[PDB]
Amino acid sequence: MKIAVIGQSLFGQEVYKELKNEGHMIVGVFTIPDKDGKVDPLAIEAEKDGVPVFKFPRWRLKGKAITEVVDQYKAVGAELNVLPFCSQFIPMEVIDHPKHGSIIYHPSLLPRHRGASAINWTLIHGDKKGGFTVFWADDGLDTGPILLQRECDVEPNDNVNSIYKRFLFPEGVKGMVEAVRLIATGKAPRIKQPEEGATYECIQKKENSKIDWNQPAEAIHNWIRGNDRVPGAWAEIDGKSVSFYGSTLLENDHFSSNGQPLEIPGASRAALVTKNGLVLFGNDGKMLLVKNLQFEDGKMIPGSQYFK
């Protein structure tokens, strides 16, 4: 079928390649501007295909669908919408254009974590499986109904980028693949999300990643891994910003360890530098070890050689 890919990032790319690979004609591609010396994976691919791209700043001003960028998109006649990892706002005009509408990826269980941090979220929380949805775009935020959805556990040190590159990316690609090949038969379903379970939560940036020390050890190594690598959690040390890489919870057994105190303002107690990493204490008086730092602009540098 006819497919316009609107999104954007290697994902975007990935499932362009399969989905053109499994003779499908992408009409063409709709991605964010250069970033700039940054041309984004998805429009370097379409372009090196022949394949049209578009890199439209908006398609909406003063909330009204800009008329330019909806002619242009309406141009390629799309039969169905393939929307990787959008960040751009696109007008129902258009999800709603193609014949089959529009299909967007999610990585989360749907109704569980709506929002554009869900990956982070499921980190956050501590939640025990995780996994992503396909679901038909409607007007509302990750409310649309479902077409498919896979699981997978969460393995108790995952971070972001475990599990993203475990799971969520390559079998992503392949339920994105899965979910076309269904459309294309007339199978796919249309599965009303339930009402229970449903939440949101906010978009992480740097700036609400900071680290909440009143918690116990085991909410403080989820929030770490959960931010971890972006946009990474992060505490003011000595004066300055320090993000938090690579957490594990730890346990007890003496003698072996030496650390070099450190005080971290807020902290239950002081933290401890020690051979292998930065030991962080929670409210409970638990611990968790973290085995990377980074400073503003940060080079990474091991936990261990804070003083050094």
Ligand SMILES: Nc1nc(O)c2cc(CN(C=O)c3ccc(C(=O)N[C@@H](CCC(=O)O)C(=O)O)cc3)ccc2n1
Second form
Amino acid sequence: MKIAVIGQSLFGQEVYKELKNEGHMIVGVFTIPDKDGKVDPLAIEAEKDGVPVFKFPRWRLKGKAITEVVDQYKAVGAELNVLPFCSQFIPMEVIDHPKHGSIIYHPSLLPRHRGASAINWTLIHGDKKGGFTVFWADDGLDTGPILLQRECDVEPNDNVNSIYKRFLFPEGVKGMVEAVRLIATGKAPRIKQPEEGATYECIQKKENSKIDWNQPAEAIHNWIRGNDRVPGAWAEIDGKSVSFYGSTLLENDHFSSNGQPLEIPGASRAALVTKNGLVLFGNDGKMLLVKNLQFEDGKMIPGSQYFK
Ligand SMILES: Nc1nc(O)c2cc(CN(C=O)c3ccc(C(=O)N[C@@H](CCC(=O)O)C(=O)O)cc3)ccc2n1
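Could the form deposited with this ligand bound be shown next, to go alongside the form solved without this ligand?
Zooming out: every chain and molecule, the one shown earlier first.
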């Protein structure tokens, strides 16, 4: 069938590639404009195939959909919109335009974790189970009826990147492909989302990923891994804004074997720089270990080397 792909990043590219190699006509790709001279991977792949690439900076403006944008989209004649990882909220005149409407990839077990930072919050809350959902877009935020859903285990030391690469990405690509296949054969369902279990969380940017030190070690661990690597949980250390990556809960050891005292404003007590990384304390006195630190200037250094 004729598909419009509205998304970005490598996930958008992979969904694009699998759909076209299943024989669907990609009549248009609608991704983000290039910034810093870099073309989005989805735009790159599509232009090689002679598929029309669009790079709208915005779809809606002052409450309403932009007219020029909507008519450019409508011209490609999509029978279905596929939104692999669309970072932009889409006007209903676009969503409802195709024969089959629009389906959306979302990396949480809806109704839980509605919102664009669902993966982050899956970890921040320390969910034991995560996964993704392919749903039919409606006017609400991640509220549309479910087409399919897939579940995975959350590992105690999973960060965003690791659960994304192990499961959410590869199985998500196959889920998007299977969903389109169900639509084509005309047997895809519309499972209305249950009210019970529905949650919303804010979008995770750098400013609101600042660390609250006044929590148990486990909650700090979940927070840090839940923002690793983007946007990157951070805290003030000696006047500078320092980002934390690669957290693991740590019961061992005393002390663990000495190490160097590092004062952190707001921390329940002083941290310890050790040979294996930065040991941090929660308010319950328990410990976590952070492998990597990053200052505002982007260079990553091992926590063991803070003083060196
Ligand atoms: N009609 C419709 N309905 C949905 O549920 C959508 C979900 C998504 C995916 N998403 C979260 O799962 C999602 C992604 C980004 C955003 C978002 O708000 N992005 C911009 C705003 C873009 C805008 O306002 O147009 C931002 O706040 O940074 C919202 C939801 C994308 C488009 C959607 N369009």
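Residue numbers count along the first chain shown, from 1. The term rigid core refers to the most C-alpha atoms you can superpose between the two forms while keeping them within 1.5 Å.
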Answer among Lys35, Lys240, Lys48, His254 for the CA shift between the two forms that reaches 2 Å or more, rigid core superposed
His254
